[PDB]
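Next comes just one chain, in structure tokens: the form deposited in one PDB entry.
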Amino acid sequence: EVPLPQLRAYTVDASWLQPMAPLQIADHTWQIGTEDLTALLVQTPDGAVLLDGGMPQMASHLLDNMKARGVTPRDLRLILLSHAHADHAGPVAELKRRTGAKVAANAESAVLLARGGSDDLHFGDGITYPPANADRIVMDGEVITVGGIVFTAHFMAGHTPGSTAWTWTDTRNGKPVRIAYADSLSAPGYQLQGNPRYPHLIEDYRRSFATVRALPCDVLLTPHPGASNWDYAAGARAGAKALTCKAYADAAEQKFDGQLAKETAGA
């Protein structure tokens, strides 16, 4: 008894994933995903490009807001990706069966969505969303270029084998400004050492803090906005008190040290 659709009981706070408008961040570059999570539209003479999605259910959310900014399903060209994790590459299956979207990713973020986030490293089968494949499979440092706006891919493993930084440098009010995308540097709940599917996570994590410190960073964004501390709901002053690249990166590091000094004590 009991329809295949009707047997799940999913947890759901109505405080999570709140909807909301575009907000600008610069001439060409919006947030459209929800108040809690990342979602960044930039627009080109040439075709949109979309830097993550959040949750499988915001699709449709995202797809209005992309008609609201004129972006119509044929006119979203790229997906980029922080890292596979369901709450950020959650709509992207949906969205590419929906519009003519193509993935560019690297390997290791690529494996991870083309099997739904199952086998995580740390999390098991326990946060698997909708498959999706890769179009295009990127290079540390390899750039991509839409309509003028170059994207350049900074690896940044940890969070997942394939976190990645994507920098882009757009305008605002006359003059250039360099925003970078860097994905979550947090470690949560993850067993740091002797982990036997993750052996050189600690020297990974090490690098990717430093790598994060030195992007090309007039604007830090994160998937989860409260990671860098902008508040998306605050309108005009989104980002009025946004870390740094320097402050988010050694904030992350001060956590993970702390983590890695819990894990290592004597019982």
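Residue numbers count along the first chain shown, from 1. So that the term is clear: the rigid core is the largest set of C-alpha atoms that superpose within 1.5 Å between two forms. First, how it differs from the form deposited in another entry.
- Comparing the forms between the two forms, the C-alpha position of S15 differs by 2 angstroms or more, with the core used for superposition.
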Contents of the next structure:
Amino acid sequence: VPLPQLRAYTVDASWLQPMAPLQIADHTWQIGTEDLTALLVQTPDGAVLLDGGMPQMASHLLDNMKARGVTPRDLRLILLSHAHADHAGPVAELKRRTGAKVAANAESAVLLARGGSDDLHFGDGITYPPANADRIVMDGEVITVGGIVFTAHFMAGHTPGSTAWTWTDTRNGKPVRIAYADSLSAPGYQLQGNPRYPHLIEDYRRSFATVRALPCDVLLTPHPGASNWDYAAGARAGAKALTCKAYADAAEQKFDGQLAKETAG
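Return one more block: the form deposited in another entry, after the form deposited in one PDB entry shown previously.
Just the single chain follows, nothing else.
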């Protein structure tokens, strides 16, 4: 009996289904796939990308940037929700192919630098090309690109480095406070007494509170379904979106159920 072959990280087709750019606000576009968020924020002083999705999405992202008028040199900054393969997958390649630099917190930078390997919960099962961060950010730190101010809100749990990013855009003449909140799920995680993450539960509870309180006229999430976005629904893509409060409440209720199931399991 030979050792097993390596298994690739395969995903639902919709996660890999390209879509054309979908405008969220005056400067903010969804440019990823139907079921993975990748946000382009376009400014008079260059563009910012928040997440890139799966590794094989680099060229599609670049096509959509081009459709928007953003050349590779115009992409200045990549920000991440968290450094798993389905959100940070193409970062290394985008850095090679654009002017983009990565800003991330220390936890995300170290996970990004090992390509998602030695994950606290997934081990080496879900990896991707490693990349280096160019700037380390602290909780509450701001980065400004052509006058869009992005604020980091750490919300550790799904990964130690999970981050919400907030900024204010405009729409129909009025401010829109956009909150790109990270995942609050714990898929197959050992929650209680995890030797690799001993304060996991406390971190999730603090993160629910952080998400609940974000400035949040519009919530977006790395998996759009988690905030009830439907990117394929066109003019009504965001009509059913949750508030940050509702998103945090739903995640906490699910988390509490998982804790009870783990105790019983």
